[PDB]
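*Asks:* So the chains spell out like this:
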Amino acid sequence: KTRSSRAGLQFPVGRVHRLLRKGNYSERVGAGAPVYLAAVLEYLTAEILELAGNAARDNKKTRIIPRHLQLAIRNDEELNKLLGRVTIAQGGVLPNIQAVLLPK
Amino acid sequence: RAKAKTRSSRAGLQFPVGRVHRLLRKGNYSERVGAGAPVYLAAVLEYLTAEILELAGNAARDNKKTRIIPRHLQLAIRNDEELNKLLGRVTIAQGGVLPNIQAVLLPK
Amino acid sequence: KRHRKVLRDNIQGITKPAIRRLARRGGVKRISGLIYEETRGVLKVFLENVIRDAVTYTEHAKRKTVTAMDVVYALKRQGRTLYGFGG
Amino acid sequence: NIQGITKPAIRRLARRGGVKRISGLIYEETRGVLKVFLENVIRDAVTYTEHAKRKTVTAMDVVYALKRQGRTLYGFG
Amino acid sequence: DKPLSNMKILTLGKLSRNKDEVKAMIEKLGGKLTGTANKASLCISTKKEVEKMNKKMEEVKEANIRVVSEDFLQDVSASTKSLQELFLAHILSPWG
Amino acid sequence: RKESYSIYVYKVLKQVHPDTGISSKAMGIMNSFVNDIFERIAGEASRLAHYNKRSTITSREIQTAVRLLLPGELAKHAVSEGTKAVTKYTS
Amino acid sequence: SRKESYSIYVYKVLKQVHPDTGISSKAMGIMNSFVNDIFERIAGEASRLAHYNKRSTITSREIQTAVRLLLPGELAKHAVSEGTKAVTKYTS
Amino acid sequence: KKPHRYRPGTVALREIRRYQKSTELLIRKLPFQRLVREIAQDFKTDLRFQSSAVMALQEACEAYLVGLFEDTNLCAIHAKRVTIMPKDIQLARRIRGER
Amino acid sequence: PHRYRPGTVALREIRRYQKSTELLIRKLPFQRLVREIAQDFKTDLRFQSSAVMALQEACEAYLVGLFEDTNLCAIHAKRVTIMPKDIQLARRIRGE
DNA sequence: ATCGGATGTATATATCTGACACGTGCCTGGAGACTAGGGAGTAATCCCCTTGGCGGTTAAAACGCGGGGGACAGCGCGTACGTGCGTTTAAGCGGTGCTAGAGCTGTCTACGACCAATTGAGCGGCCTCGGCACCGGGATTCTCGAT
DNA sequence: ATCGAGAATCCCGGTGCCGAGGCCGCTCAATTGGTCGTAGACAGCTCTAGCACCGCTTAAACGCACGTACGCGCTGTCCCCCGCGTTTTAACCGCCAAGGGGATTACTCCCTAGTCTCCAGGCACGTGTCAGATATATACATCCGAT
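Each protein sequence line maps, in turn, to chains G, C, F, B, K, H, D, E and A. For the first sequence, the entry's author numbering begins at 15 and goes up steadily by one. For the second sequence, the entry's author numbering begins at 11 and goes up steadily by one. For the third sequence, the entry's author numbering begins at 16 and goes up steadily by one. For the fourth sequence, the entry's author numbering begins at 25 and goes up steadily by one. For the fifth sequence, the entry's author numbering begins at 387 and goes up steadily by one. For the sixth sequence, the entry's author numbering begins at 33 and goes up steadily by one. For the seventh sequence, the entry's author numbering begins at 32 and goes up steadily by one. For the eighth sequence, the entry's author numbering begins at 36 and goes up steadily by one. For the ninth sequence, the entry's author numbering begins at 38 and goes up steadily by one.
Hints are computed from structural coordinates only; laboratory data are not their basis. Heads up, some of the hints might be wrong.
What the hints assert, rightly or not - Restricting the straight-line Cα-Cα distance to at most 27 Å, the calculated cross-link-like pairs of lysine-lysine (BS3-like) are:
no., chain 1, residue 1, chain 2, residue 2
1, B, 77, A, 56
2, E, 37, C, 118
3, H, 85, G, 95
4, H, 43, G, 74
5, D, 120, C, 13
6, B, 31, D, 34
7, D, 34, B, 77
8, D, 34, B, 79
9, H, 85, E, 64
10, K, 414, K, 438
11, B, 59, G, 36
12, F, 20, E, 64
13, B, 77, D, 120
14, G, 75, H, 46
15, G, 95, E, 79
16, F, 77, D, 34
17, F, 79, E, 79
18, A, 56, D, 85
19, F, 91, G, 95
20, K, 394, A, 79
21, B, 31, C, 95
22, B, 77, D, 85
23, A, 64, B, 91
24, H, 116, C, 36
25, C, 36, B, 91
26, H, 43, F, 77
27, H, 108, F, 79
28, E, 37, G, 118
29, F, 59, E, 36
30, K, 409, G, 118
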C-alpha cells in the first residue's frame, strides 16, 4: 500500500516525510505532518492549474505555457497576494494601460 | 585535569564561543557544526556590536550624555550607510527619526 | 462570572491632532483635511494584519494572553522587525 | 559596454511597463540603475559559485542570489 | 454565469457607456464583440442608430439581426431573465 | 537520479482539466512553485516549533504555518483540505 | 527558573570602545534583539549554503561566505578580517 | 497694538523641529489600547494582552505611519504641492507594493 | 502622405509588447554586459547558458516593474512624459 | 458629426516538425513489521499581572474664527521628443572544434558527535549612589511688522 | 529694506531620586578529555557544454528631419488650512481589588526514530504523433483628415 493512497492524495506523502526529516526543519516529524502538507500542496497546485487551464481555454491553446500561469496568478487576488514578489520566467505582464494615457 | 580555559579566551573574544556553539547545534541549522564556526561567528557578532557601540557612544557624547539610550542607537545607525543598509527594515523602539526637513519647505 | 460589552468606533480614538503629530514627525508642513479618514483606514489595515498573525501565534501556543513575543514574531514575518521587546 | 543596452531596447521595456512618452535623460539614468541591479545579483551569484569551488556560474547560483534578495525567479530552479 | 457564451455582438453608433465598458460587459457575459454589420447574433446601440435608420443599421435590418439598447446589457448582467425576454421585452428594432 | 514533482503535478492536471497538456517550461515553473511553498511552510513550521520549545513538527505546526502564510480563502480552504486528508489517512 | 542574554558581553565590548560610557537597560534590550537577529540571519544563510552543496556540516567556510552575502561592502571586509583573525588565533 | 501672530506654516515648521527632536509616543496610550482590543475581538473572543505587547503594537504603528508620511511627503513635493493629499498616500502604498 | 499623430504608435507598441512575452534586450549585448560586471568580482569565470537567461529574465522584469512605478509618478505630477526624477522617486519610495 | 481611405490587425486555411505524452526496464527508496525510550499531553498547584474600577487634575481635543498663501485652473509659447525614412552594422544563426572543468568514482583519515566527570561563569538578588530629569530663572535666537 | 519687540528656544544650577554598576551566591552548563564512525578532502578519470571563431543575412539600431503637443512658467482667485483664543472632556495617575491563566513540576504512555527486509514506484530514456509555430491570403477594427 502507500501513505498517499491511504490519504487519497496524488501528491507523494512518502517523499514529503523524507524531505521534512532531511531538511533539518526539526528534531522530529509526526506522521500527520507530511499528510497535511502534501494535501495543502496538492490543493494549491490544483487551485493554480484550475485558473491556468481556464486562461489557456480563454485562448485557443490546449497546453499550459508560462504566459497562462502569469495571467492566472495576477488575475487572482489571493494568488497575487501569495506570490507578489515572485517573477515567472516568460510570464510577460498583464494587459494594462493607465486611462490618462488614451486619446481624448 | 588541566585548568579550564574558555574558548572565548583562546580566540581573544568577549562574546561567548561556548553559548554560540550550543545555539548552532540546538537551532537545527545543520547535522554538524565545525569547531571553527562558533569562533568565526562570535568574532563577527562582536565586531558588529563594537561597530554600533562605537558610533552610539559618539552620538551620546555629542548629545552630552554619558549613557547610551535608544535614541543614540537610532541616530548612530541612520548616520552610517552600511549599518542603515544592513538595518533598513528594522524599527528601534524609542528611536524616533533623523532630524530632517525637505529643503523646499523652508521659508524664502 | 463576567464579560465586557463589545467595543465600538475606537478608530476615532486616533485623534485629528495625533495624526497631525505623526505627520509632523514625518516632516509634513501642510495637511489636507481629507488625510485623516484615509490614515485611519491605513492604520486599521496594518493593525488587522499584525494582530491576526500575533493572535495566531498565541492560539498556537494554546495561550489566551497575547505576548510581546507574539507581536514581535508577527512584525518579523511581515518584514517590519522591531527591536526592544525580544530577548 | 553598457551602451550596448540600446536606446530602442530601453523603449521596449518602458512600453511593456505601459509608458507612453519618455524624456531622453531616462536612457542614461536607466543604464545606471540596471548596472547597479546587475552588480548586486552578480556579486551574490559569484559568491555562491566561488563558495562551491566552481568556476562555472550555474543557473542555481543566479536563482539563489535573486531568492535571497527576494526577487524570487521561478522556472530555472 | 455567462449567458452570451457563444454569441457575437455588434456595437453601432453612440453609446453612453464607452466602447471598453460595453466590450467588458460582453466579455464578462461570455460573448464576442464585433464592428462588422452582417455576422453578429445581436446588435447594440443607443436609440440613435434605429431612430435614424442609419445605413449600418439598414444592413443589420436586411441581415434581420435583432437590436438591443446599450443599457439592456445592464439587465443581462443584473437579473435572472431568460435570453428571449432580454431580446423581446428589451428590444429596439421592429425586425429581429 | 534527479527527483521532481512533475508526475504528481501531471496527475493533478488530469483531475482539473482532462484534455489539457503542459509545456516543459510550465512544468519547470510548477516544480519551482511547489518547492517555494514547501520551503515557506516548512521554514515557518520550524520557527513555530522553536518558539514553543517543541522538538516535533506535528500536523498542528503545519496548520498554524498555513494559517500564517496564506491569505483569506486560500487559507480557509487549504486548512479544510489538510483536515480532510489527515482525517481520511487516520483510518 | 533561568534566562540567558548577551548583556554581559555587550557590556564588556562597551567598556573597550568607550571606557567612560554607560548603557541603559532599554538600549541593552535592543542590543540583545540585534545580536539575536544577526545570529539568526548568519546561521540561516550558512544552513542554506551547506544544504545547497549537500554538506552536512556548517564550518567556518560557510560562515565566512554567509557574511560576504549578508553584510554590505567595507563592513563585510572588516567582519571577514575579524572572523579570520579570531580563527587563526584560536587555532594556536 | 495687534496681537502677535506667526505667519502660516511657521509654527508647523517649529512643530516638525520639536516632534523630530523628541522620542515620545505621539498617540494617546489608552485610545490606542482600546483600538487594539476592538480589532482583536474580530479574530478571537475574550483575549488578553501583556502590557508590553500593546507597547510593541504602538511602536510598530507609529514607526509605520511616520515612514509612510515621509514617502507621502516626497509624493506631494514631487507634484510641486506642499500639502499632502490622499492620492499621495495611495501612490506611496502602491509603489511600496502594500497594494 | 499619411502619418499617425504623436502617441498613437506608442499606444500601439504598449499593446504589442504587453501582449507578447519574449525577452526585449538583444541576447548577445546583454550577455556581454553580464561578463564585464562579473569580471570585476572574479576574473576567468564561465557561465551556464541558462544562467544568463535567468539574469535577463530578472533584469527585464525588474526594469519593467520599475517603469510601471515611474509611470505612476509622472501621472501623479500630471505629466505623461516620464523623467529621471520619477525613477528617483519610485526607487526612494521602494527604499532601493 | 460622418466617411472615406489605409493600413495594422486578427482571422481562416494549410504543413510539418520537434516537443510531449506514453511505454519500457529497472533499481532504490518507501513501506511493512517490528522495537523502546523520551516528548509532550494532562493534573495539579501558585502567584502574578492582568483586567475593572474609582476619583481628581489638568493636558489635549474640539471647537470657532479669521485671513493669507497655497492649489489649481487657464494659457502662451518655446522645444524636445514622436513618427518615418534612408542608412549601416552587428546580432543572429548554424556551423565547426577544442578543452576546461563539472561531475562521478574510490580511499582513508580528521574531526566532531558522543559520554561523564568536574568547577567557574553567568545569572538572580540587594543594594547605593550619581546621571539624569525637573523646574526656575536666565540669556539668545529668530521671527515678524514695522520701515 | 534694515530695524525694535517678543516670543520661543536654548542654556545655568540646585535637588533629589531610582535606574545602572557593582558584588555575592551558586547552580549547570561549558570544558576537559577519552572513543570511533563517517563526512568530506582529495585523486583520478570522462565526457559535455562553454568558449572560441567563422561567413552571411536581414532585423534592428542608428542618424536625420519636422512638427506638434507637451511641459511649464505665469496670474488670477478662490477657500482651505493654519494659527490662536476658549471650552470641555477624557487621558492620565494612584490605588484599590479579584482571580484567570501563565509557569512550573511530575507521570506515563503514545509514537516516532530506528533497523531490516521487499518490491513497485518513478525515474531515464526510447519514439511517433499532433499542437501549435509559420506563413499567406484574407476580412476586419480603428485611426485622420476632410468634409
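*Asks:* Now tell me, hint by hint, if it's right for this structure.
*Replies:* Now for the hints, and whether the structure bears them out:
{"no.": "1", "hint": "B:77 x A:56", "result": "violated, 42 Å"}
{"no.": "2", "hint": "E:37 x C:118", "result": "holds, 25 Å"}
{"no.": "3", "hint": "H:85 x G:95", "result": "violated, 31 Å"}
{"no.": "4", "hint": "H:43 x G:74", "result": "holds, 23 Å"}
{"no.": "5", "hint": "D:120 x C:13", "result": "holds, 19 Å"}
{"no.": "6", "hint": "B:31 x D:34", "result": "violated, 62 Å"}
{"no.": "7", "hint": "D:34 x B:77", "result": "violated, 42 Å"}
{"no.": "8", "hint": "D:34 x B:79", "result": "violated, 47 Å"}
{"no.": "9", "hint": "H:85 x E:64", "result": "violated, 33 Å"}
{"no.": "10", "hint": "K:414 x K:438", "result": "violated, 30 Å"}
{"no.": "11", "hint": "B:59 x G:36", "result": "violated, 39 Å"}
{"no.": "12", "hint": "F:20 x E:64", "result": "holds, 21 Å"}
{"no.": "13", "hint": "B:77 x D:120", "result": "holds, 25 Å"}
{"no.": "14", "hint": "G:75 x H:46", "result": "holds, 16 Å"}
{"no.": "15", "hint": "G:95 x E:79", "result": "holds, 24 Å"}
{"no.": "16", "hint": "F:77 x D:34", "result": "holds, 22 Å"}
{"no.": "17", "hint": "F:79 x E:79", "result": "holds, 9 Å"}
{"no.": "18", "hint": "A:56 x D:85", "result": "violated, 42 Å"}
{"no.": "19", "hint": "F:91 x G:95", "result": "holds, 18 Å"}
{"no.": "20", "hint": "K:394 x A:79", "result": "violated, 61 Å"}
{"no.": "21", "hint": "B:31 x C:95", "result": "violated, 32 Å"}
{"no.": "22", "hint": "B:77 x D:85", "result": "holds, 13 Å"}
{"no.": "23", "hint": "A:64 x B:91", "result": "holds, 23 Å"}
{"no.": "24", "hint": "H:116 x C:36", "result": "violated, 34 Å"}
{"no.": "25", "hint": "C:36 x B:91", "result": "holds, 26 Å"}
{"no.": "26", "hint": "H:43 x F:77", "result": "violated, 38 Å"}
{"no.": "27", "hint": "H:108 x F:79", "result": "holds, 22 Å"}
{"no.": "28", "hint": "E:37 x G:118", "result": "violated, 54 Å"}
{"no.": "29", "hint": "F:59 x E:36", "result": "violated, 48 Å"}
{"no.": "30", "hint": "K:409 x G:118", "result": "holds, 19 Å"}
Against the hints set out earlier in the document, violations occur for numbers 1, 3, 6, 7, 8, 9, 10, 11, 18, 20, 21, 24, 26, 28 and 29.
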